[PDB]
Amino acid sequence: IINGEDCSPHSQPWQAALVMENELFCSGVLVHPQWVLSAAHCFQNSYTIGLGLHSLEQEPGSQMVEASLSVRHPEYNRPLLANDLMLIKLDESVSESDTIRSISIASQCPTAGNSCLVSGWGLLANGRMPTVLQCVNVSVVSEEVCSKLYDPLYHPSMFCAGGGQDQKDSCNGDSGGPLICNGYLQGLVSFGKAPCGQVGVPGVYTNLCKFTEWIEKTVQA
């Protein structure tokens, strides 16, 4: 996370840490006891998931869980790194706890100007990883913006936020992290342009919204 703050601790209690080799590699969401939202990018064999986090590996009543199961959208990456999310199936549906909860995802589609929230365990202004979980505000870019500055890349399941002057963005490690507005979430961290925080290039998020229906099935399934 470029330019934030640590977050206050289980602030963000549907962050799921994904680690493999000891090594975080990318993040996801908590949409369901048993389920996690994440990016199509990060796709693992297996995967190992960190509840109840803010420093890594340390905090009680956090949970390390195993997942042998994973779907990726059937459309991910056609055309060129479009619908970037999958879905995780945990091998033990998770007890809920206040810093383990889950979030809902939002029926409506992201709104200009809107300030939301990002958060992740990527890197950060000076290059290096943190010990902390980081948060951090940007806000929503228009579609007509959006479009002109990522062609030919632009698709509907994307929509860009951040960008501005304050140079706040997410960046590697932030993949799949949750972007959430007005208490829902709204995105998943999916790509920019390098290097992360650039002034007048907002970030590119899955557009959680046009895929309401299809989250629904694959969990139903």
Second form
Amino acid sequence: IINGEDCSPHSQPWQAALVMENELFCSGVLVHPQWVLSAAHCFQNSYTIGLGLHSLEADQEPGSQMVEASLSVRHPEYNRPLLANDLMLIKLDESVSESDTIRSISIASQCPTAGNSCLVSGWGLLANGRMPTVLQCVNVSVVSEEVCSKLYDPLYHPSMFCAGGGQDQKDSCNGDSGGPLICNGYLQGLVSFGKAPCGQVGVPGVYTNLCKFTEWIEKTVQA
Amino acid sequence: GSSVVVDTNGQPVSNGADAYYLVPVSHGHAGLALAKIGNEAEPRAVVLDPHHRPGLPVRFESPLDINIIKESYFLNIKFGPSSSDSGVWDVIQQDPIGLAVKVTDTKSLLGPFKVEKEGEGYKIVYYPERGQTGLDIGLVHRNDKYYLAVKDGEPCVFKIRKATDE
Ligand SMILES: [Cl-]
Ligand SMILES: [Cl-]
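Mind sharing the form deposited with the partner chain bound? What's above is the form deposited without the partner chain.
First the chain shown before, then all remaining chains and molecules of the complex.
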């Protein structure tokens, strides 16, 4: 997260850490007690998922849980067209007990509103190219579909939307993939991709447009 | 394809942040360099030079907001710093080498290369048009140089050494 700040601890209790040999590589979002949503480009054959974290050291985080998951399902149209439909659902081996530090979030049914300020959170790179010790939060604003398509065609697809690109240079960055973009109280997007480097004026980042997938998510969870 | 690309210490290769040497598994004595091709006055073709080891380091870049590289990702490959976009690889028809790896000063959002497991290491595969069919990068010997160029079925196999010596 570029030009953000430490999150108020446990203020984003749906945030999931996907870790590989004790190092974070992506985030995800708890959407049901047994399911984590993340970017399909984060797919692995199995996962270790950290819930209830602030720092990434579970042994210093009361209320945290490090949980295993074997099963995950990429959206069937992932990467057709390239970079599009960038979501997957991970089924935890067991359902978690929700608490004030581990809690699911509802997914937006309505599509993003151009101009609206939203929040993104993650443990990815800071402006200085270092990794933060605790979860970072920043606000970014949704850009119109006209601006998104102008900057990203021919790779803009309505399974995506753009946010950020402000004079403020606030953005998501590498290691934030799969984490949440929250708008007006609901999960609206997942961090997906952008033009490098992060935090360029006039160049928003791209997020998975979850309002397009609420039916596939519901059917997958229920199956 | 869901395999993470790893360096010679078994650590995931970073997305753009760190540089690496592409060390040939059976030509560790040689390393990547730029050379002239055709009638060009500036050296813009990539060769494996027996006089440079480990050679010029590269960075592997994907627009995805992840800090590791998978074998399935389309990549740009470039010489030089993250901050510079000179040094970006592309594949260009050039007689009589064929489809030669050359450097350019422009970069697409999505590059045309993938890094794929092969033998004891990795090969570089070039996907014309970012389609489904990939062409292996190997060596073409012309003008006393070993150019990196499409040689489908005969890839140059590399291991990937993080460039912490600089
Ligand atoms: Cl080595
Ligand atoms: Cl000519």
